[PDB]
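One chain follows as structure tokens, the form deposited without the ligand.
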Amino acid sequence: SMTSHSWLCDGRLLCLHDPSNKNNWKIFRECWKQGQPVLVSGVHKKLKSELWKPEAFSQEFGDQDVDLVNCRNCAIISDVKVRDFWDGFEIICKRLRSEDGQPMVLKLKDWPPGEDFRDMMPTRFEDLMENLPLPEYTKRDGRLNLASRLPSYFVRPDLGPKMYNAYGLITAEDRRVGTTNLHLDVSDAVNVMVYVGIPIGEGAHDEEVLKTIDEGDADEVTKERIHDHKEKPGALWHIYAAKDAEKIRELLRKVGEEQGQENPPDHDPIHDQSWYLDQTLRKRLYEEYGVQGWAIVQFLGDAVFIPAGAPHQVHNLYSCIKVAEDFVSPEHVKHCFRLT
């Protein structure tokens, strides 16, 4: 039967089921005030699916110049055409190859660039902004979004949204790599999975995806969305409470020293955006520092709410198109204040 919500991460994560329900705020706001992330499913059913396909982005914008990142080694591929990324999104025999002759796992950097999403893609902008969940928090002029209402004593987010496009990580060695490394934001954010591309060529890659989710610490109910409902999984997230950020910095300073990095005692390994917490590091954070996180699988049409100050990392299972909007809730405005 249809219900309003469920609890994932062994009861520790709210999952809303109706993205446009006028009463969602009554369930949301208590979890949000406690500094927890929230998942909202079903946003893909509200969108115009023809606007969010890789072949359309290639046809309309393919002649623009961009830089890519090689996810495996962080090498920058400079000044290529954006069609060279899009045409390899799902079809493995079209991907740029490294010198070993293997197809690369690539991330499309800063595209559309800076604040240009609205100017470059006005119809996509309308379709996304009109269908964001919790609109009093997430719309540019929502009553509970302080972004447009704060003086210069607060760090204000750029004008959004921002698009995040990258291929899926494939191999057993790839399990230790991030799509986006561990970092934090001083604003709140909502991140929507608008498209998941499951390839063909090296298609039959189902098995390494299940081992990644299982070793990723995903709960038993999350494993049921695959086997029972056949939903498309996009990306594995780990999110940590804002209150645990300094304990994470202590672990990463100790590990940086063990690995012969030579860092001053005060340097900030989260701001550096240079670490991915693999199974070994996540277990060491729990056992040695007492810190538990949330392991979240973001399926097609899931919106992940990330609280200001919360350290988080992202590992794509398949090729993903994500679109994110920043906002400033009253619950978490302390995180962007420039004094004390």
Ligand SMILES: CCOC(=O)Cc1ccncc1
Contents of the next structure:
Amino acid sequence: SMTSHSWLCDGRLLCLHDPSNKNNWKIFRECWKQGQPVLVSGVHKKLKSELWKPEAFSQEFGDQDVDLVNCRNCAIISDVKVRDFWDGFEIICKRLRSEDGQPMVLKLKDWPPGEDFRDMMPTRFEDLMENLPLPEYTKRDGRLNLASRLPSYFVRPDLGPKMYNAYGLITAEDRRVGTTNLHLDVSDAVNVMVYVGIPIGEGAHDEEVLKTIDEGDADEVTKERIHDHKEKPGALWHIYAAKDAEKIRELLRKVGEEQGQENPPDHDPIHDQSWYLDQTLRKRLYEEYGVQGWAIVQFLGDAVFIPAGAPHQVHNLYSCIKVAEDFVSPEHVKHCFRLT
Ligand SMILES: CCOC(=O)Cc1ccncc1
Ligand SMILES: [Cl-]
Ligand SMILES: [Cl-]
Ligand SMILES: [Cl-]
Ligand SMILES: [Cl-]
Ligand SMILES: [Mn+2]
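Target state, the form deposited with the ligand bound; input state, the form deposited without the ligand:
Then the entire complex follows, led off by the chain already shown.
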């Protein structure tokens, strides 16, 4: 039977089932006020699927100059063509190779650049903005989005949306690496999975994906979406409540010291965006500091709602195209205020 919602993370995470249900706000706002993330499934079924394919981006934009990042060592690949990224997205035999002769796991940096998404891609902009869930919160002019309404005493988000394009991590060693390291954002955001690319040539990398989800602390109900419904898993997230950010900084200062980093006692390891919490670090955070997070697997068409101030990290399981919009809900406006 169709139902309005269900729960993940053993009851701790709301999952809304119909992205365009006009009554979603009634269920959403109780969980959101408590500082929880929220998942909304099914957004892919609302979009024009031909606008969100890797081959389209390569054909239309391939001659643009860009920088890439090597996810394994954070090295910058400077001034290459955007087609050099897109043509290796799924076909492993086309990827740029490291000195060791292995295909690299790459992230496309700052593309489209700054605020240029709407000017560069007007049809994609319209397709995304008209199908975002919780539109009173997420649309630029929604009634519960304060972004356009606040004075300079508040940090205002840039005009969006922003795209996050990166290959999947592959090996046992890659399990300890981020696509994106732990950080936080002073505005709320909604992040939509618009495409998942499951590669070929090295096609059988499915068993290491199960061990990553299992060791990532994914709940038993999340594991059923793979084995029973055959949905495409894109990325593993860890999100932490905004109230736990300082305890996380204390853990990362202690580990920085143990590893022989030489850091002033007040430096900010979350703002530095230099850490990925692997299985060892997530267990130490729980045991030593009493902090529990949310382990979320984002499938094709899932929208992840990230509360302002909440630390989060992302580990792509397969190649992903994600598009995110920032907003300022009244529930979390304190996080962007510039005083006390
Ligand atoms: C969108 C998921 O893909 C990422 O790169 C992670 C990302 C998500 C949230 N904040 C920054 C980056
Ligand atoms: Cl809060
Ligand atoms: Cl477009
Ligand atoms: Cl709404
Ligand atoms: Cl990062
Ligand atoms: Mn973020």
